[PDB]
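Chemist: If you want the building blocks of each chain, they are given just below.
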Amino acid sequence: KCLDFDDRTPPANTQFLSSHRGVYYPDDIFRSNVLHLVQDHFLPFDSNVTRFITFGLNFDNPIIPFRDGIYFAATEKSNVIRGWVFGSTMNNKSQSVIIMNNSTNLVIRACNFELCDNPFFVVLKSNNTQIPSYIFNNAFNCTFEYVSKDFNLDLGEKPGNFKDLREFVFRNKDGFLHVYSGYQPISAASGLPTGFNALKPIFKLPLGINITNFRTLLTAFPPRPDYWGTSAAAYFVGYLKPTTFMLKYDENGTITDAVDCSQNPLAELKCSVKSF
Amino acid sequence: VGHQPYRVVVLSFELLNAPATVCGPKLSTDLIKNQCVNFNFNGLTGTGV
Amino acid sequence: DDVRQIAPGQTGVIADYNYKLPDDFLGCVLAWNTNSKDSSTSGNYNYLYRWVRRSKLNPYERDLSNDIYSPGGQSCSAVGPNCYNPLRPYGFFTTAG
Amino acid sequence: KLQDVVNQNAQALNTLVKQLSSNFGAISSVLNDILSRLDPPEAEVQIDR
Amino acid sequence: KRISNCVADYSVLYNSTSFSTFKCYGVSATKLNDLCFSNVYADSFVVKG
Ligand SMILES: *[C@@H]1O[C@H](CO)[C@@H](O[C@@H]2O[C@H](CO)[C@@H](O[C@@H]3O[C@H](CO)[C@@H](O)[C@H](O)[C@@H]3O)[C@H](O)[C@H]2NC(C)=O)[C@H](O)[C@H]1NC(C)=O
Ligand SMILES: *[C@@H]1O[C@H](CO)[C@@H](O[C@@H]2O[C@H](CO)[C@@H](O[C@@H]3O[C@H](CO)[C@@H](O)[C@H](O)[C@@H]3O)[C@H](O)[C@H]2NC(C)=O)[C@H](O)[C@H]1NC(C)=O
Ligand SMILES: *[C@@H]1O[C@H](CO)[C@@H](O[C@@H]2O[C@H](CO)[C@@H](O[C@@H]3O[C@H](CO)[C@@H](O)[C@H](O)[C@@H]3O)[C@H](O)[C@H]2NC(C)=O)[C@H](O)[C@H]1NC(C)=O
Ligand SMILES: *[C@@H]1O[C@H](CO)[C@@H](O[C@@H]2O[C@H](CO)[C@@H](O[C@@H]3O[C@H](CO)[C@@H](O)[C@H](O)[C@@H]3O)[C@H](O)[C@H]2NC(C)=O)[C@H](O)[C@H]1NC(C)=O
Ligand SMILES: *[C@@H]1O[C@H](CO)[C@@H](O[C@@H]2O[C@H](CO)[C@@H](O[C@@H]3O[C@H](CO)[C@@H](O)[C@H](O)[C@@H]3O)[C@H](O)[C@H]2NC(C)=O)[C@H](O)[C@H]1NC(C)=O
Ligand SMILES: *[C@@H]1O[C@H](CO)[C@@H](O[C@@H]2O[C@H](CO)[C@@H](O)[C@H](O)[C@H]2NC(C)=O)[C@H](O)[C@H]1NC(C)=O
Ligand SMILES: *[C@@H]1O[C@H](CO)[C@@H](O[C@@H]2O[C@H](CO)[C@@H](O)[C@H](O)[C@H]2NC(C)=O)[C@H](O)[C@H]1NC(C)=O
Ligand SMILES: *[C@@H]1O[C@H](CO)[C@@H](O[C@@H]2O[C@H](CO)[C@@H](O)[C@H](O)[C@H]2NC(C)=O)[C@H](O)[C@H]1NC(C)=O
Ligand SMILES: *[C@@H]1O[C@H](CO)[C@@H](O)[C@H](O)[C@H]1NC(C)=O
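Chains as they are written, first to last, in full-length UniProt numbering: chain V, 19 to 294; chain Z, 490 to 538; chain C, 393 to 489; chain U, 930 to 978; chain S, 344 to 392.
These aren't lab readings, by the way, just hints derived from the structure by calculation. Hints are not guaranteed to be accurate.
Derived BS3-like pairs (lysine-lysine); straight-line CA-CA distance at most 27 angstroms [claimed, not checked]:
id: 1; chain 1: V; residue 1: 181; chain 2: V; residue 2: 19
id: 2; chain 1: Z; residue 1: 515; chain 2: S; residue 2: 344
id: 3; chain 1: Z; residue 1: 515; chain 2: S; residue 2: 374
id: 4; chain 1: C; residue 1: 448; chain 2: V; residue 2: 259
The calculated label-pair distances, taken between Cβ atoms and stated as ranges, are [unchecked claim]:
id: 5; chain 1: U; residue 1: 931; chain 2: V; residue 2: 59; range: 46 to 56 angstroms
id: 6; chain 1: S; residue 1: 356; chain 2: U; residue 2: 959; range: 26 to 36 angstroms
id: 7; chain 1: Z; residue 1: 510; chain 2: U; residue 2: 959; range: 16 to 26 angstroms
id: 8; chain 1: V; residue 1: 152; chain 2: U; residue 2: 959; range: 17 to 27 angstroms
id: 9; chain 1: S; residue 1: 388; chain 2: Z; residue 2: 530; range: 54 to 64 angstroms
id: 10; chain 1: C; residue 1: 487; chain 2: U; residue 2: 951; range: 52 to 62 angstroms
Sample of chain C residues with no beta-carbon within 12 angstroms of chain U, all distances over it, derived [said to hold, decoys possible]:
id: 11; residue: 401
id: 12; residue: 420
id: 13; residue: 467
id: 14; residue: 477
id: 15; residue: 480
Note that the Cβ used here is the ideal one computed from N, Cα and C, for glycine as well.
Full structure from sequences and hints, please.
Modeler: Below, the structure written as C-alpha cells:
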C-alpha cells in the first residue's frame, strides 16, 4: 500500500562544503607505510554538497541521480535513515537493488520491484514498535538476495543535536556495486562536520545492473495514526569525479591522510614531489 | 562442414592524411575553443586547446 | 557462430547487447555443443537474445527489460512497423548446421 | 669555446626533440594513432614500447 | 569493389547475418565505430570451410 504525504515542504537543497571527507580505499592491495598516487573517482576537497532534510513538515525523498557514484552522509541521532534503493527507472520495468535495515537484520535484494512513490517505514513513537510497511508492492525475477545476522536497532526518539555521522561511498563498476562505510561521533546541529575519515570496504555486490538513480529510505513517526510525522534527520549527497589523489598508508594498512592534487598550488607541489 | 561453401569478404582500410570517405556512426558535437578538451576529428583523437 | 564473441574485446550482437567481458579478464571460458539436449526436430524456441539496444552494455551487466524498441523516440504502444520486440528466439533445430 | 658550449647544449636539446618522431618498434610514433586504432590491451603493449 | 561516401554501421547486420569468422588485423573491432577511413575496398569470393 503506497502511502503518500500531502504536507511536505519542497527541499531547500542548500549547499555545504565537504572539507576533507569522502576518502575510501580504491583497491584491495595491502599497503604498509607508503605514499600512493592514485587516479580514480574521488570527492574533491571543499566541494559543494547538497543537503536533504526531514526535520519537520517534510519527508525529503527525491529521486537523486547517481552520476558515476556518490558520497552519502547522514547526521543520525535517532536512526531515522536506514537503507536505499538503487536503480535506473525505479519501476517494475527494470531491475533495482534495495539495501535496507529493518529492525532485526540487514537485507540486500535485487529484483524487478514495484517501487512505491513514497517507500517508508512506520514507527510509532509512543510504543517504539515498527508497523510493517511496504517499500514495494510486488517483486519478481529476483537475481540476488543476501540477509545478515539478527541484531537490535534502537527505534526510540533521541533528544539534542545529532551525535552520529554515518558516511558511505557508492560506486558501480564492472557490474559490481562497491559499498564503503564509516562512522564518526559528532556534535553538530545543522552542518556537515569538518574532518577526515577513510571509509573501509564493506560490500562488493555482483548485481550487474545499470544504476542511474537512487532514493533514500526513511522512517516516519506519526504521533496519531490518522496523520504523519517526522523526527529530525538530515543527509548530504556529493558526487565523485575523476581526479588524482595522494593517499598515505600507515603500518596497519590504514589511510591516515590524503592530498587532493588539484585543490591549490601547495597541494600540487606535494603531489609533484611525493611528500607531505 | 569442412566441405560446405563459405562466402568471404575482405575489407581493406586506408588511413591517410586525406579526406574521409567512410565513417563510423559516431554523432558529432559543436566546436569548443580556448578550453582544454578531448577532441575527435575524423577518428583522430587527442586532448588539447 | 556466437561462441567466438565470448572473449575480451569482441563486437557482435552477443558482446554488444547480451554479455560483455572486461578487457582485463581473469578466468576461463568453457563451451560445449548441446545439440541433443537443447534442440528438437520441431524446433526449440526457449532460448532468446537481445538483438537491438540503444547503447552497448558495460562489462558484467545484464538487461532484463522487454520494452518495445523504437529507433528514434516515437513511443510505440504495440509491435508494428518501427516498433520491434527487442528479444529474438534462437530457433534451435536438430538438423541445423 | 663559449660558442661551442652554446652549440652543444642547443644540439642536444634539438636531438631530444627529434627523438619523439622516432618509432621504437611500435606501430606508430604518434601516441594518439595507436590510441585511436587499438583497444586498451594491445594499445598498452604498443604504448609500453 | 570500392566503398565510398557512407557510414559503416554493422549493427544493421545483427538480425540477418551470422559471421562465422570476423577478424581484424590493423585495428581493433571495438574501435571501428569511432574511426573514419580514407579508402575502403571489399574483395569477395567463395571457398570451402
Ligand atoms: C508494473 O506496475 C504498474 C503500476 O501499478 C502496473 O500497472 C497496474 O496494473 C494493474 C493490473 O493490470 C492495473 O489494475 C487494473 O486496472 C484496470 C482499470 O484501469 C481494471 O480494469 C483491472 O481490473 C485492474 O484493476 C492498474 O490500473 C495498473 N496501474 C497503472 C498505474 O498502470 C503493472 O501491471 C505492473 N507490471 C507488472 C508486469 O506487474
Ligand atoms: C527483516 O527482514 C528479514 C528478511 O526478509 C526477515 O527475516 C524473515 O523472517 C520471517 C519471520 O521470522 C521468516 O519466515 C519464517 O521462515 C521459516 C523458514 O526458515 C518458516 O519456517 C516460518 O514459518 C516463517 O515463514 C523468514 O524466513 C525470514 N527470512 C530470512 C531470509 O531469513 C525478518 O523477519 C525481518 N525483520 C523484521 C521485519 O523485523
Ligand atoms: C521476468 O518476469 C516476467 C514476468 O514475471 C517473465 O515473463 C513471464 O514468463 C513466464 C514463463 O517463465 C510466462 O509464462 C508462460 O507463458 C506462456 C505463454 O502464455 C505459456 O505457454 C507458458 O506455459 C507459461 O505459462 C509469462 O507469460 C511471462 N509473462 C510476461 C508478462 O511476459 C519473464 O520470464 C521473467 N524473466 C526471466 C525469468 O528471465
Ligand atoms: C595497529 O594495530 C595494532 C593492533 O590493534 C595496534 O597495536 C595495539 O595498540 C593498542 C593501543 O591502543 C594496544 O592496546 C591498548 O593500549 C593502551 C594504551 O596504553 C593500553 O592502556 C591497553 O592496556 C592496551 O595495551 C595494543 O596492546 C596493541 N597491540 C599489539 C601491540 O599487538 C597499533 O597501535 C596500530 N598501529 C597504529 C595505530 O599506528
Ligand atoms: C543506463 O540507463 C540510462 C537511462 O535509462 C541510459 O541513459 C540513456 O541513454 C540513451 C542512449 O544513450 C539516451 O538516449 C539518447 O538520447 C539523446 C537525446 O538526449 C538522443 O539524441 C540519442 O539518439 C539517444 O536517443 C537517453 O537520453 C539516456 N537517458 C538518460 C536519462 O540519461 C544509459 O545509456 C544506460 N546505460 C547503459 C550502460 O545501458
Ligand atoms: C556552492 O554553491 C553556491 C550556491 O549556493 C554557489 O554559488 C554561490 O551562491 C551564493 C549565493 O547563493 C553567491 O553569493 C556566490 O557568489 C555564488 N558563487 C559563485 C556564483 O561562484 C557556489 O559558487 C558553489 N561553490 C562551489 C565551490 O562549488
Ligand atoms: C532487421 O533489421 C533491419 C535493419 O535494422 C530492419 O530493416 C528495417 O525495417 C524497417 C521496417 O520494419 C524499415 O523502416 C527500415 O528502413 C529498415 N532498415 C534497413 C536498413 O533495411 C528489419 O526490419 C529487421 N528485421 C526484423 C525481422 O526485425
Ligand atoms: C537477400 O536478398 C533477397 C532479395 O531481396 C531477399 O529475399 C527477399 O526476402 C523478402 C523478405 O524479407 C521477400 O519479401 C522478397 O520477396 C525476397 N525477394 C527475393 C527475390 O527472394 C532475402 O531475404 C535477403 N536476405 C537477407 C538476409 O537480407
Ligand atoms: C503497541 O504496539 C502495538 C503493535 O502493533 C500497536 O498495535 C499498539 O497501537 C501500540 N500501542 C499504542 C498505545 O499505540
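Chemist: Evaluate each hint against the coordinates.
Modeler: Now the hints, each set against the structure:
no. : hint                              : result
1   : V/181 / V/19                      : violated (34 angstroms)
2   : Z/515 / S/344                     : holds (25 angstroms)
3   : Z/515 / S/374                     : holds (11 angstroms)
4   : C/448 / V/259                     : holds (23 angstroms)
5   : U/931 / V/59: 46 to 56 angstroms  : holds (54 angstroms)
6   : S/356 / U/959: 26 to 36 angstroms : holds (32 angstroms)
7   : Z/510 / U/959: 16 to 26 angstroms : holds (22 angstroms)
8   : V/152 / U/959: 17 to 27 angstroms : violated (60 angstroms)
9   : S/388 / Z/530: 54 to 64 angstroms : violated (36 angstroms)
10  : C/487 / U/951: 52 to 62 angstroms : holds (60 angstroms)
11  : 401                               : violated (5 angstroms)
12  : 420                               : holds (17 angstroms)
13  : 467                               : holds (36 angstroms)
14  : 477                               : holds (32 angstroms)
15  : 480                               : holds (27 angstroms)
Consistency note: the structure conflicts with the earlier hints numbered 1, 8, 9, 11.
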